[PDB]
Structure formats: C-alpha cells, structure tokens
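Novice: Here are the chains, one letter per residue:
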Amino acid sequence: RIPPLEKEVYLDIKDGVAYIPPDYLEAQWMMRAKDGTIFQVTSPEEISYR
Amino acid sequence: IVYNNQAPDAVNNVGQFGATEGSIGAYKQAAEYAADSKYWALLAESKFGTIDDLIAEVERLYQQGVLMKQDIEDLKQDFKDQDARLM
Amino acid sequence: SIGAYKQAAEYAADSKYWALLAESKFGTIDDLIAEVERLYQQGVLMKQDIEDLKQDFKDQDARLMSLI
Amino acid sequence: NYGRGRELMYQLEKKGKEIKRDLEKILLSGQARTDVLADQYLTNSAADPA
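Protein chains in written order, with PDB author numbering: chain DV, 51 to 100; chain DX, 2 to 88; chain DZ, 24 to 91; chain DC, 102 to 151.
There's no promise every hint is true.
Where chain DV lies over chain DX, by a calculated footprint (3+ residues, C-beta under 8 Å) [claimed, not checked]:
1. 2-11
2. 69-81
Have a look at the derived ranges for each label pair, beta carbon to beta carbon [what the hints assert, rightly or not]:
3. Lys64/DV with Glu33/DZ: 15 to 21 Å
4. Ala139/DC with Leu43/DZ: 44 to 50 Å
5. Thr92/DV with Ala148/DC: 31 to 37 Å
6. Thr92/DV with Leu44/DX: 42 to 48 Å
7. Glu33/DZ with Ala57/DX: 21 to 27 Å
Example chain DZ residues on the side facing chain DX (calculated, C-beta under 7 Å, incomplete) [to be verified]:
8. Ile25
9. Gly26
10. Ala32
11. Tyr34
12. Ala35
13. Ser38
14. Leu43
15. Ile52
16. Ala57
17. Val59
18. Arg61
19. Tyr63
20. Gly66
21. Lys70
22. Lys81
23. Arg86
Because the hints were derived from the structure by calculation, they are not lab data. Heads up, the beta-carbon is just placed ideally off N, CA and C, and yes, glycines get one too.
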C-alpha cells in the first residue's frame with residue numbers, strides 16, 4: 051500500500067446504498083469537497099442505533 | 002476528482018468485491034441495456050420534445066390567427082358592400 | 024426500504040426488462056407524428072389558399088365600392 | 102502656536118463626516134456579497150488556501 055496507486059474519485063450515494071467500485075482494495079480518507087469534512091467508519095451495530 | 006462512469010472492461014485479479022470471470026457478462030449486459038434505455042428516453046424527449054413544441058404550436062397558433070382573420074374579413078366585406086350599395 | 028444483493032445475472036434481467044415499454048410506445052409516437060404532420064400540411068394549405076381568397080374578395084369589394 | 106493649535110480634532114471630525122457619507126453612499130449603491138470563498142459559504146475550512 052502506497053500513494054502512487056491511490057485514487058481520487060467522486061461518489062453517487064443515494065441515501066445509503068452507495069456502491070463499492072470493482073477496483074477497490076482498501077480505503078484511506080474519505081470526505082466532501084464541500085467545506086472539507088472527514089467521515090469516519092463504524093459497524094452496522096452502531097449506525098443502526100443512530 | 003473522478004466519477005465511476007466508464008464501462009466494465011476487466012475483472013478483479015485482486016480484490017474481493019465486484020467482478021469475476023464468471024460475472025463479467027452480467028456487468029456488460031447491464032451496461033448495454035441501460036444505454037439502450039437511455040437511447041429510448043432521449044429519442045423520446047426528441048419525438049415528444051419535437052411533436053409537442055413543433056407541430057402543436059404551428060397548428061394551433063396559425064389556425065387561431067387565421068380564424069380571427071376570417072371573422073375580420075367577413076365582417077368588413079359584408080359591412081362595406083351593404084353600406085356602399087345603400088349609397 | 025433496503026433490498027438484498029442479488030447476483031449480477033439478475034440485475035441484468037432487470038435492466039433488460041426496461042427497453043420493451045419504450046419500443047412499443049415509440050410506435051404510437053411515430054403513428055401520431057405522421058398524423059399531426061398530415062394535419063399541419065392540410066392546415067398551412069387551407070390557410071394560405073383562403074387568405075389569398077379573402078384578399079382578392081375585398082379587392083372586388085372595393086371595386087364595387089368605387090363603382091357605387 | 103500660530104493658527105489655532107490641535108488641527109487633529111478638526112481633521113478627525115472631517116474624516117468622521119466623510120466616512121458617514123461614504124457609508125450612506127455604499128449602502129444605497131448596489132454591490133454583491135463579494136468574497137474570496139467563491140460560493141463556498143458552506144465549505145468551512147477550505148482545503149485550498151492558494
């Protein structure tokens with residue numbers, strides 16, 4: 051795992067389902083272009099509570 | 002920076018989500034059918050776009066204008082003829 | 024709601040089942056295009072013709088007016 | 102002192118009146134909410150300080 055194989059890419063969410071690209075292996079940071087803002091990751095068992 | 006809009010070409014030779022040699026046909030056929038549906042929806046706006054705006058407008062617009070013209074002409078002719086003959 | 028992840032081959036059939044509605048409704052679209060085309064042609068013709076008609080008509084009317 | 106002494110107060114009152122009239126003129130003149138954000142009002146912490 052290193053930069054040179056990394057990727058920028060935009061996503062299409064649809065309130066959830068946003069699907070994983072075929073080419074995917076492992077995810078570093080993920081955010082918005084709007085205002086700069088970072089997501090974080092968790093389990094179903096928590097998001098469901100949310 | 003990018004979108005995932007391109008078409009399915011290859012299979013994951015590493016990575017445990019997505020395409021395999023036994024599923025690529027599904028991806029490709031799905032893409033073909035989606036593009037065909039779009040072809041339809043777009044040609045449809047067109048027929049429909051076209052049909053509507055075009056003919057509906059030329060029909061109604063000139064019929065109405067020409068029939069108002071009809072009223073005017075008939076009225077004028079009649080009045081003039083009558084009054085003048087009376088003279 | 025939240026649906027399951029069907030195997031790809033099924034999503035393919037789902038995608039396919041959109042094209043047919045489009046196909047059939049396009050045919051009625053075409054038939055009706057031909058109709059409003061015939062109608063518009065007839066319209067233009069009639070309009071121009073009877074317009075020139077009323078023109079020469081009021082011409083003869085003013086002729087009769089000058090005669091009086 | 103020669104003339105009157107403490108021209109400071111006079112000049113300062115002049116500048117006060119001047120800024121008041123300028124403020125009125127600017128308020129009555131049409132000007133947009135121009136800023137460097139470039140429509141990014143809802144993109145706090147812009148990642149591009151260039």
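Novice: Any CB of chain DX closer than 7 Å to the CB of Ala35/DZ?
Specialist: 5 Å, holds
Novice: Mind checking the hinted window 31 to 37 Å against the Cβ distance between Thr92/DV and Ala148/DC?
Specialist: For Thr92/DV and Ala148/DC the Cβ distance comes to about 24 Å; the hint is violated.
Novice: Is the interface hint satisfied for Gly26/DZ? The criterion is a beta-carbon contact with chain DX at less than 7 Å.
Specialist: It is violated, given that the least Cβ distance between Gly26/DZ and chain DX is near 16 Å, above 7 Å.
Novice: Taking the closest Cβ pair, is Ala32/DZ under 7 Å from chain DX?
Specialist: Check passed: Cβ of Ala32/DZ comes within 5 Å of chain DX, closer than 7 Å.
Novice: Return the status of the interface hint for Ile25/DZ: holds when the least beta-carbon distance to chain DX is below 7 Å, violated otherwise.
Specialist: Result: violated, 19 Å to nearest chain DX Cβ.
Novice: Do the numbers back the hint for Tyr34/DZ, that is, is its least Cβ distance to chain DX under 7 Å?
Specialist: The hint holds - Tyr34/DZ has a Cβ within 7 Å of chain DX, the shortest such distance being about 6 Å.
Novice: With chain DX as the partner, please determine if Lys81/DZ meets the hint condition of a C-beta pair closer than 7 Å.
Specialist: Because about 6 Å separates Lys81/DZ from the closest Cβ in chain DX, which is inside the 7 Å limit, the hint holds.
Novice: Per the CB criterion, is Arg86/DZ less than 7 Å away from chain DX?
Specialist: Since the shortest Cβ distance to chain DX is 11 Å, the answer is violated.
Novice: Could you check if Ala57/DZ really has its C-beta closer than 7 Å to a C-beta on chain DX?
Specialist: At 11 Å from the nearest chain DX Cβ, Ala57/DZ fails the 7 Å test, so the hint is violated.
Novice: When you take the CB atoms of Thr92/DV and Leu44/DX, is the distance between them in 42 to 48 Å?
Specialist: Because 46 Å falls inside the window, the suggested range holds.
Novice: Can we keep the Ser38/DZ interface hint, with Cβ of chain DX closer than 7 Å?
Specialist: 4 Å, holds
Novice: Interface hint check: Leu43/DZ, Cβ to nearest Cβ on chain DX, cutoff 7 Å. Holds or violated?
Specialist: 10 Å, violated
Violated hints, listed in ascending order, are 2, 5, 7, 8, 9, 14, 16, 18 and 23; each of the other numbered hints is respected by the structure.
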